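Participant: As a plain string of letters, each chain reads:
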Amino acid sequence: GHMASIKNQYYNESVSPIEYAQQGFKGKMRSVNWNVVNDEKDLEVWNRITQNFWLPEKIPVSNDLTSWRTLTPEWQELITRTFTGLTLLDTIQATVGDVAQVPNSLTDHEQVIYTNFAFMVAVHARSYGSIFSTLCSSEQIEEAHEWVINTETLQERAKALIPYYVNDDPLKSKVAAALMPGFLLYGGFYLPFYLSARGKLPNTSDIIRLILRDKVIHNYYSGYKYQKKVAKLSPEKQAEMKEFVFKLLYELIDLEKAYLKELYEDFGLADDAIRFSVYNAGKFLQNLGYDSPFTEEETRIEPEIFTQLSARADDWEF
Amino acid sequence: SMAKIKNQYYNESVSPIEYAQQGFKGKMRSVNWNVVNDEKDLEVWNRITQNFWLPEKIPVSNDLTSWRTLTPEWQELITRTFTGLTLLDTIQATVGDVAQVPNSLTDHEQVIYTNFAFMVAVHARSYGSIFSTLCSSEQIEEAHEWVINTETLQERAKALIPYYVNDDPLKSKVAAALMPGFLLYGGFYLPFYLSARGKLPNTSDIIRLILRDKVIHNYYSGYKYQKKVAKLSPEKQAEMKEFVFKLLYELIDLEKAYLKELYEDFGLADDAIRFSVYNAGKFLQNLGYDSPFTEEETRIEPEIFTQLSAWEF
Ligand SMILES: [Ca+2]
Ligand SMILES: [Ca+2]
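From first to last, the protein sequence lines are chains A and B.
Throughout the first sequence, residue numbering follows the authors' numbering, covering -5 to -1, 4 to 312, 337 to 340 in sequence.
Throughout the second sequence, residue numbering follows the authors' numbering, covering -1, 1 to 309, 338 to 340 in sequence.
What the hints contain is simulated information worked out from the structure, not anything from laboratory work.
Treat the hints with care, since some could be wrong.
[Said to hold, decoys possible] Listed below are the simulated DSBU-like cross-link pairs for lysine-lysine, each with C-alpha atoms no more than 35 Å apart in a straight line: (1) A:26 x B:245; (2) B:170 x A:170; (3) B:3 x B:24; (4) B:39 x B:24; (5) A:24 x B:245; (6) A:5 x B:56; (7) B:24 x A:227.
This is chain A alone, in the form it adopts within the complex:
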C-alpha cells in the first residue's frame, strides 16, 4: 500500500489595484510580488530597461556645433522640423500610448514596466529639446513647432494610432503600441544617420542610438505580449488579428511615404528614407510573429547608413 497525499494561493484570491477598479471597486487588493514573478520575461525586461536609464546630459551635443555651422539654413530647418515631428510622436506615446497599455497587462509586473516605457519615451522627447537648446535659435525652434501643427501629412500620422489607445480593444491598442517604436519614427531617424555618415552632427546620432536602444525593447516587448494573448485565441480570431496588423501597417506606410516625400522634398532623401522605413516595417512584423513581405529592393539601406543604425549605443553614470 501507500499513503495518499499549492503555493501563493493568496494570488488567486486577490486582484491588482487596476483589476479592483475594473471590477467596480470589488475584491481584495494584492501588492505586486517581485519575489515570485509570473513571467520571467517581465523581470528580464524590467532589468534591461532600468539598467539602460539615460538622460541627454550623457552626450556632449555642443561638440556638434562646428559641423552644425557648416549646414545651410535650409538644412538646419529640415533637422529642426524633422526632430520636432519626432518629438510629437514621442509626446503621444509618453502621455497616451504607453500609459494606455498599463490596464491591459497580463501581469502585475507588466503594469509597471509600461510606466517605465512612458517615462523613457518622455526622455526621448526631452532629448530633442536638449539638442535644440544647444544648436538652434529660438526662431528656428518656434518655426518648427508652427510647421508641426500646420503640416497635414504629419498630423495624419499623429492622429492615426490615437483611436486604438482610447477605444476598448486591447489587442488593437497593443498593436499600435508596438507600431510606434517599431516603425513610425524610422523615416525621421534616417536623417541624423545620413548626416553622421557624412561627418555632420555625430554626437546627435549618439542620442538617437540611445533612443533606439529603448525603442527596440519597447517594440519587442509589446510584440511579445501581443503574441502571448493572441496565441490563446481561436484560429478565426488569430487570422483576424493578423489581417488587422497588416492593414494598419500598410495604412501607416502610406501615410509615412506621403509625409517623408513632403518633409524631404527639397533634399532628395525621401526615396532612401522610405526604404529605411520599410526595412523597419519588416522588423516590426517579425516582432509580432509574422513574416515580412517586403523585397530586398524595397528595404535596401546603404552600408554607411546601416553602420550608423547598427552601432552599439554604449565615467558618467546614473
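Fit chain B with the ligands to the given chain A structure using the hints.
Facilitator: What follows is chain B with the ligands alone, placed relative to chain A:
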C-alpha cells in the same frame, strides 16, 4: 500680433491627451522643452531625474548580521509593514500617478507624472529587493496573505482609488498629494526606529531614497492643487477646503486603526501615529492650508527625526 506675442502656435493647438479628450479635435503640438510654460515644471523634472536610483545600488546583504539579531516576530512585523507599503506604491504607480497625466495644466506636467509613476514602481520594487536578501520565501508569502486579508489595511488601500477613477480632477489631485504626503509615514517609522537602534542601516538608506522622491511628489501635487484652486470662486474654494480636511481626517482615522493593529505587540503605535500626523501637517501646508494639529499630536523623538533628515528593545 500687436504686442509681438511669442509662441502663438501654442494657443492654436492641443496636446495629444486633449486631442483625445475633445473627441479627436484640434491640431496636435509637440511638447516644447525650450519654452516651459511654468518654470517650476522644469525645476521638478530636473530634480526627479537627477534623483534616479535603483535598489540594487544599496548592498542590503550587509544588513544580514543585524537582521539576524531580530526575533521572528520583529522580522514578521517588518515584512508585513513593507508589503503593506508595497501595496500603496502599487496603487500609486499603476492607478494614482498615471491618473494625474490627463488632469495636467501643462505639457511638461503630463510627463512629470509619468516619471512619478515609474519612480513609485521603483519604490515598490525596492521592498521586494530587500525581501530577496533578508526574508525567507515563507515570510514573503505570509506577508502577502496578511495584506489581502487585513481589513484595516485594505480600507486605506480602497480609500483613494475612487477619486483616481471618477471625474473630479481636483479631488483626484488631493489624493495624489495625500498618498506620498501622508499614508506611508506610519510605516516608514519602523525602519527609522530600528536604525536609531543600529538595525538595518542599508535598508534605511533605501527608505531615505524613497522619501527623497515622496517629498517632491507631495510638494508638486500640492503646488498644482493650489494653482487650480486659486482660480475658483470663493465658495468653490471653501467647498474644496472642506473636502480636503474631511478626507484627511477620514484617512487619519483609518491610519490610526491600522497602525494600532500593526504595532500592537510592539508598543510603537503612539510614536508612529505622531510621526504620521506630523507629516499630515506638512501635507496640509503643501496644499496651502494651516495645520490644526498640536505639538503633542506631532511629537517626534530626536532619534527619529535624525533618521528622517539624514532598554526596552
Ligand atoms: Ca535620394
Ligand atoms: Ca508606544
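Participant: Would you check the hint for residue 26 of chain A and residue 245 of chain B, treating anything up to 35 Å between C-alpha atoms as holding?
Facilitator: Holds: residue 26 of chain A and residue 245 of chain B sit about 25 Å apart, inside 35 Å.
Participant: Given the proposed pairing of residue 5 of chain A with residue 56 of chain B, does the C-alpha separation stay at or below 35 Å?
Facilitator: 31 Å, holds
Participant: Straight-line Cα separation of residue 24 of chain A and residue 245 of chain B no greater than 35 Å?
Facilitator: 24 Å, holds
Participant: Below or equal to 35 Å on CA atoms is what counts here, so check residue 24 of chain B against residue 227 of chain A.
Facilitator: 32 Å, holds
Participant: Check whether the Cα positions of residue 39 of chain B and residue 24 of chain B lie no farther apart than 35 Å.
Facilitator: 29 Å, holds
Participant: Regarding the pair residue 3 of chain B and residue 24 of chain B, is the alpha-carbon distance no greater than 35 Å?
Facilitator: The given pair, whose Cα atoms are some 27 Å apart, holds under the 35 Å limit.
Participant: Hint check: residue 170 of chain B vs residue 170 of chain A, CA-CA at most 35 Å. Holds or violated?
Facilitator: OK: residue 170 of chain B and residue 170 of chain A at ~32 Å, within 35 Å.
Checked against the numbered hints listed earlier, the structure breaks none of them; every hint is satisfied.
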